[PDB]
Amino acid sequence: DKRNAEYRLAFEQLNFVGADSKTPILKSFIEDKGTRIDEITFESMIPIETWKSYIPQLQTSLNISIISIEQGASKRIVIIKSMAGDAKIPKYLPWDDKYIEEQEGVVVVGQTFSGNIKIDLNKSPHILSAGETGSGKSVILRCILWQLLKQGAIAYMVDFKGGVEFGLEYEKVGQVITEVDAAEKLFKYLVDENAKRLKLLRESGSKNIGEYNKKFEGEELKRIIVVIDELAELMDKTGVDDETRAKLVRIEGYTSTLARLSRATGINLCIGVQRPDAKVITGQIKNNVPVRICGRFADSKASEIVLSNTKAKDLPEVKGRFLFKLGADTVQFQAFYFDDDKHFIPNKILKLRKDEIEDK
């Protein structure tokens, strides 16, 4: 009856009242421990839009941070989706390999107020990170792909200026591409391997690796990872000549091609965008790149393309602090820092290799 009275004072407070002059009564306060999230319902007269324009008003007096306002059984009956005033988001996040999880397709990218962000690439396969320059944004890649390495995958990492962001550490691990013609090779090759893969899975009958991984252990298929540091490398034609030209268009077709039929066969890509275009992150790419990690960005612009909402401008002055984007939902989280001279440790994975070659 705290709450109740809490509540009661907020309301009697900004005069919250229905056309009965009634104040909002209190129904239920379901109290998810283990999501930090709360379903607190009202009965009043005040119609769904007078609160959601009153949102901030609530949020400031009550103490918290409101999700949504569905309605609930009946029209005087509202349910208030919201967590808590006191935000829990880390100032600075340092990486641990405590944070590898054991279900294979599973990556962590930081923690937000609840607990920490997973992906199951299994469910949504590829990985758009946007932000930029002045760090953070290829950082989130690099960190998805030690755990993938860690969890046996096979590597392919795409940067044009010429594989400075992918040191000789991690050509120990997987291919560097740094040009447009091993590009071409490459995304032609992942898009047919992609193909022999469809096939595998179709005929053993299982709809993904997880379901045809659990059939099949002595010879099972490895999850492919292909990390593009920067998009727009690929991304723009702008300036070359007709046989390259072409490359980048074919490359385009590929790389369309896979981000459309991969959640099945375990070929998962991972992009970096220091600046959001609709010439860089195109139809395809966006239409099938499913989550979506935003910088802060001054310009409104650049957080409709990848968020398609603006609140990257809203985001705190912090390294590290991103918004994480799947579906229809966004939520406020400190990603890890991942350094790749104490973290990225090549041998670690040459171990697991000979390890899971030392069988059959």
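For the two forms, the rigid core is made up of the largest set of C-alpha atoms that agree within 1.5 Å on superposition. Residue numbers count along the first chain shown, from 1. First, how it differs from the form deposited in another entry.
- Once the rigid core is used as the reference frame, the Cα position of residue 344 differs between the two forms by less than 2 Å.
- Annotation for residue 72: C-alpha shift of 2 angstroms or more between the two forms, rigid core superposed.
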The other form holds:
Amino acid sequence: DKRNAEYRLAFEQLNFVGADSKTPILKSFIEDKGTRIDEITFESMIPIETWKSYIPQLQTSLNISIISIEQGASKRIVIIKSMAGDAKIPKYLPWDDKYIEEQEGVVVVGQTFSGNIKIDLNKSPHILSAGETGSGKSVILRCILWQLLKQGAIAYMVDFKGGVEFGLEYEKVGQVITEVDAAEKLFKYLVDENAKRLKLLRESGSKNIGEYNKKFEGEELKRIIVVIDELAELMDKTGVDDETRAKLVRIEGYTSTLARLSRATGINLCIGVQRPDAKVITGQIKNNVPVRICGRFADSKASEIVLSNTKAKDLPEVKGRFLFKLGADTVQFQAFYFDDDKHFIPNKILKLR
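Form deposited in one PDB entry done; form deposited in another entry now:
Next comes a single chain, given without company.
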């Protein structure tokens, strides 16, 4: 076997042997095909602290990037989490307007092993982006927003922290909703706008708003993008009073209806979540929000709430490194770093008269 012959030679060149004079024994090599992260298990008498001292050398000899080395069941077992030197993705990928797609409704979120990650909002209409504060979870949503604003979409932005996440420059290109009263008015409007669009599709025999628009020269329905900076501000009802709770229940009813029924109507939800919790990322959100973007979470439960697998615990500690899940596959990718100070140019959008 190639791998066993390759490891043996590598260990012998280092005289990397235990008290019994044996080089480490390969017990198992488990590759994750989507993330390209491997679990290599070795048996030897070499202490874990010695393996850790050898990390720089083992990376070079075996041609791998070592994420971690941990002791297994016994002091004879080491488990290495690694990525092959061939599984290359950037560690920094600045946004650039050259990535903007010609096809309306198609957005790019970053780079994977073979090509870029593209999302066609006409096929997978809603996105949930989850990550710890500073991960880049929110940066991705603003990058998607910019792309859609450049394709002529209408935007609505929700931020209950006084709108500090969507400053005055965002207000030039759309409406910023900063409190629960304005959010009830917004979501009741979007649910009615969705109902009016479904009515137009049935009546005209149109599959989507794109087919509808071609039928009427002077009647052009535009894509609507709704960016929710933090889903917990709309879903977490724990400490509010009776009236605010009923208002949030009404809003949740509107969000659920929107997510489930806005597939063909060109109304897209881009949701941010800082702390995954089953009360916030419910079964209704999961059943109707197909795109998941997940940052690193050391906790298994947090990854299962977002992805319904534990792979977010395996990611390397790289800023802007995420998991992408659409359907049954989970892949690792580097997200674009979109910086408002240099990438968000409101006058370019306003010029699209």
